[PDB]
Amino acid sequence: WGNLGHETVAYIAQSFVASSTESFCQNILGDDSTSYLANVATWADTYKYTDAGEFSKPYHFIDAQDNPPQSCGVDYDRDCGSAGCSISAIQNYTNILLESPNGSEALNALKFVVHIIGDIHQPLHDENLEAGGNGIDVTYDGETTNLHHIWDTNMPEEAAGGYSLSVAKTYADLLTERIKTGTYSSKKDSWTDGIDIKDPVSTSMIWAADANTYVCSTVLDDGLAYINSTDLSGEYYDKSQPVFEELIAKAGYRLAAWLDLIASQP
């Protein structure tokens, strides 16, 4: 996701964590604001463009070697790769926070976890096709961009009505209410099924697999002919909105559950 997506995921999670989890995080981050997670939720996207953080670029995705829209699926060993991936990063950074939450590596670990749980839920961060769709040029609202970009940024920013922290907060609030009492409030009871703080690979793969099914059902189900030739800010946006909204909600909720586990220090 772009910044708005990551901040919305972070604010959602802030709404569901226990108060000891909040303190646990605020202490690591040195931030006692009511935006403590949101404020660090984009950091990994900065860090990967620095010389020192270049090595972390692959941690944003798992390039699923599947065949969408006909066939979707993710496999850790097949798809992660030689330089690591979202899944291996969640394992490594989760275990740092389980082993040394007060150590020097915990600050970046937590920043990573907040960001990457977000990324795992962007379906094109779980998809190899044309560099996760970065190679698929498309027209969005009369302007040229790419398919990955409109999922990261154009479409969420349109649905949220902007891109500022306060817009992310308002968006998070809307989605959090969907989880509590609205359209997600039944389904959400099963969004943490299979979660296991002692198996970060398996837990994060479930989330990645889940998000990846939407490559076939939604991202690409019209076919590349349509996608390459149609302005995607029309009916494509309308079809995609419920899906990216639910995924951002799942990301927030799952992030909170995972942070509550880490803070509980098993």
Given for the second form:
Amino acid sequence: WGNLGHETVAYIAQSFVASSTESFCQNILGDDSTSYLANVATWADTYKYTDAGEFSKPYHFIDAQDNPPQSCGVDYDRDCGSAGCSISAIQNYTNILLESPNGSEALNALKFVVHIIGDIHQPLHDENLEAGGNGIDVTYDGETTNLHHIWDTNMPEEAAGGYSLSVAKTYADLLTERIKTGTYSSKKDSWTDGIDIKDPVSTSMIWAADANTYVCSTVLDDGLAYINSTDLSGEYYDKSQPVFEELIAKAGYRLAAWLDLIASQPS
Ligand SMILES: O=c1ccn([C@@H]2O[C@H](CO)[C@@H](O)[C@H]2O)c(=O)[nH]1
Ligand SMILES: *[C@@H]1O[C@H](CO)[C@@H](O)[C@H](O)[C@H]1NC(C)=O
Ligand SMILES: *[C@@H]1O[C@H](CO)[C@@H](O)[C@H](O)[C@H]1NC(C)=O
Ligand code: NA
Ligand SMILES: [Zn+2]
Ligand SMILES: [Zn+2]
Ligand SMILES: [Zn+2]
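Since the structure above is the form solved without uridine, I would like to see how the form deposited with uridine bound looks, so please show that one next.
Entire complex below, previous chain first.
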């Protein structure tokens, strides 16, 4: 996602974490504001453009070698690759926070987990084709862009009504309502099925496989004749909106559950 999506995921997670988890994270981050997670949710996307952070570019995605829209699937050993991936990064940084939460690596580990659980839920961050859709040029509201970009940025910002941290907070409030009582309230009690702090790869692969299903059902189902030729800000946006909104909600809910397990200690 772009910055709005990551901040929204982070604000949702803040609304679901336990108090002890909030304290654990505020202490690592040195921030006890009501934006503590949202304030770091974009860091990984700045870091990756620096020499020191170049290593971490592959950690934003897992290039699933499926065949969409005909067939979708993610396989860790087939798709992660030698340079690592979102799944291998969740394992590494989760294990740093479990083993060394008071050490110097904890700060970046937590900022990576906040960001990357967001990225796992962007379907085109779970797809090899055309570098996650970066190579598919499209038109969106009269502008030339690419399919990856409209899922990261154009469509979420249209739905949220802007791009800023305050707009993200409002959007997160809307999606948090949908989880607690609204649209998602009868399905969210299944969203953490299979979660296992002792198996970060298995857990994050469930999430990535869930998001990847939408590459076939939603991202690419219209077929590339349509996608290449049609302004996607109309009916394509209309069908995409419920899907990316539910995936942003899932990302925040699952991030909170994961942070609770990372911070958890038996009383
Ligand atoms: O296979 C790829 C290649 C790139 N990206 C993402 O696409 C962004 C560029 O739009 C990059 O920063 C990167 O995180 C993916 O999700 N998958
Ligand atoms: C784990 O994270 C550290 C710090 O960012 C990095 O140096 C190391 O290469 C990572 N290891 C793996 C297996 O991804
Ligand atoms: C759509 O554009 C992509 C990327 O250039 C291309 O691979 C594909 O063949 C195009 N499909 C159609 C039917 O135009
Ligand atoms: Na056209
Ligand atoms: Zn992102
Ligand atoms: Zn992206
Ligand atoms: Zn990212």
